[PDB]
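Quick heads-up: it's one chain on its own, the form deposited in one PDB entry, in structure tokens.
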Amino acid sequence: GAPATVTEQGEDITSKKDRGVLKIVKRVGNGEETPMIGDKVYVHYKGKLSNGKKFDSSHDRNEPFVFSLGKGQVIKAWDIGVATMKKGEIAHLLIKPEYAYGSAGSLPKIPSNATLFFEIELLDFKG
């Protein structure tokens, strides 16, 4: 399925080239510009654990998730990953725990040492 495919066929977008965050672009977005540090970014997303369970979805809330890019307001992989996206892009990310919740996990949905899958759509970004 999609998690296996990004695991096996994704591109390493980490600066360290340690394969901690792999990406596939599923829907090409608009133009060439990606957001800049500190921008307000608006995303829709859905996340799955490695046991196949959905652990979250903004779609199901009928409102986007909004954060300021590059400020550690989200897991490291999201700051790295969303920074690579164009407006209107849909991407898959496959994230090792060192770029997510590590050994601590995040109670009560995300276990210790969890590799995560996301589908993310970058709706908009604004300074």
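Residue numbers count along the first chain shown, from 1. Only the largest set of C-alpha atoms that superpose within 1.5 Å between the two forms is called the rigid core. First, how it differs from the form deposited in another entry.
Once both forms are overlaid on the rigid core, the distance between the two CA positions of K40 between these two forms is under 2 angstroms.
Positional change of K109 between these two forms reaches 2 Å or more at the C-alpha, relative to the superposed core. Superposition on the rigid core between these two forms places the CA atom of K71 less than 2 Å from its counterpart.
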Second form
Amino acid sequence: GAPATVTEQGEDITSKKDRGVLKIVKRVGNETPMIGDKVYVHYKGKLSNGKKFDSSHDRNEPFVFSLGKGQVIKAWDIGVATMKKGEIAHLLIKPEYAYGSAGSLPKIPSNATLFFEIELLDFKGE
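Show the form deposited in another entry, please, the one above being the form deposited in one PDB entry.
Just the single chain follows, nothing else.
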């Protein structure tokens, strides 16, 4: 499974090196975005328990947020900042970099591990 591939070989991109955010490049792109930059991605995500999914392709469009401004979970602010234009990466994320012990009830259970596929389409400035 894609999660498994991440857990065994994936790159630890956390500062603390605690394996809370792991990354596999699936496609190499072609500069990575700065804090405050406007980011454009396609993503799919899911809970480790296999009980919930979500995809940008549902909106049939890109997901957009401002990098590093805590508008998304910490894993994204860290993860997307490591990506180049064109890149597709998988991220496997422990709760400490997502919704923690409190979770986001009932959407995200307590202590949930998450997985995302992210394609970095572009990124503009403030």
